[PDB]
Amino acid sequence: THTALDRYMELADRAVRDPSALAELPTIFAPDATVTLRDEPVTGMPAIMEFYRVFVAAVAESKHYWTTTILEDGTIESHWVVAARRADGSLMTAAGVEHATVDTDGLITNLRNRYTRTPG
């Protein structure tokens, strides 16, 4: 599928290679969206773009796989996994579930992640 959460997942790996791809964020998230990947929310396009710039700076190479469903209530859910080499040379994996609220255009207003395998 090709929901905004799918585009979000595709962008994660592309932005690692090419950080300037993060200019696509306003085609994925609404203005004034709020994102919480772990513990802290980040709200609005300027904060979101900087959070992801700093996120992708810390990664040398990554690959994500994911499966996406649209729930009962219109919420989108993507189970995902990643493997990566971090910019410090360490290797990592993680897995979790992302839950997005979308608006009428289909752009993400609220993104929250829960880890099922913490980054490690």
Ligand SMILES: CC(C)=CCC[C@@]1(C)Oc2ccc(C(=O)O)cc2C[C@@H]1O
The other form holds:
2 protein chains.
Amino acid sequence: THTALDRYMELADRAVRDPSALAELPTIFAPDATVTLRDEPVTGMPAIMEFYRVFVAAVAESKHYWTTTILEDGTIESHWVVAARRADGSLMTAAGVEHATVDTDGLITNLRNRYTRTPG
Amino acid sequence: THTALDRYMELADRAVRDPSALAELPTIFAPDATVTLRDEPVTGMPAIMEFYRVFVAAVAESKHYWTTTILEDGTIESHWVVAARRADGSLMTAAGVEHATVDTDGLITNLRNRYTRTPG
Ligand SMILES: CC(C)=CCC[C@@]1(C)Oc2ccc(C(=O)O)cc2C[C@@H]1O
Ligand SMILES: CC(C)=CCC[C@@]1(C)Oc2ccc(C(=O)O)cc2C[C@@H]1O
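Mind pulling up the form deposited with this ligand bound next to the form deposited without this ligand we just looked at?
Time for the whole complex; same chain goes first.
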């Protein structure tokens, strides 16, 4: 599928290679969207772009796999996995589920993640 | 580095895409090598080829990252991570450390893995 959450997942690995790919974020998130990956919310495009710049700077190379469903209420859910080499040379894996609220244009207004395998 | 263990790790993902890449295994393992990935040893080229054929059949797509060191005694050690989509559509991650004995030609005579993150 190619929902905004799919487009977001696709971006993840691309932006690690090429961080200027993050200029695509306004085609994924509504402006004034809120994102909570672990514990802290980040709201609005400027803060969202900087949070993801910082995020992808800490990663040397990554690969994500995911599966996406649209729930009863129109919420989008994606189960995902990652493997990566961090910028410090350490290796990591993680796995989780992301839940997105979308607006009538299909862009994400609220993104939440819960880990089923914490990054390690 | 490009030890035989590196070439083994590099083959992993290529063979999931194209299983005929496993004809490269005789350039990685000594004939009569032993491999123990989890609990059961597989010995010799014919058995090793078949074990890996079955292994990569259960995987739709994967990505490994690894780091390799040559220990004091000449044993090769690689820390690795993987993310993958399995042939049943399930997602997985795992992480471990592989230790290889090599022979004088540099081919692996004995390969052993110990998971630090079991497949899940
Ligand atoms: C940078 C971007 C556009 C998307 C990130 C996707 C995403 C699934 O990837 C990771 C990777 C590691 C980690 C980690 O915590 O190291 C967390 C996530 C959740 C993110 O939403
Ligand atoms: C097929 C081949 C040539 C190499 C496999 C490498 C390797 C690191 O990859 C996995 C992946 C999953 C798993 C798993 O158990 O699902 C185990 C391993 C150990 C293997 O040695």
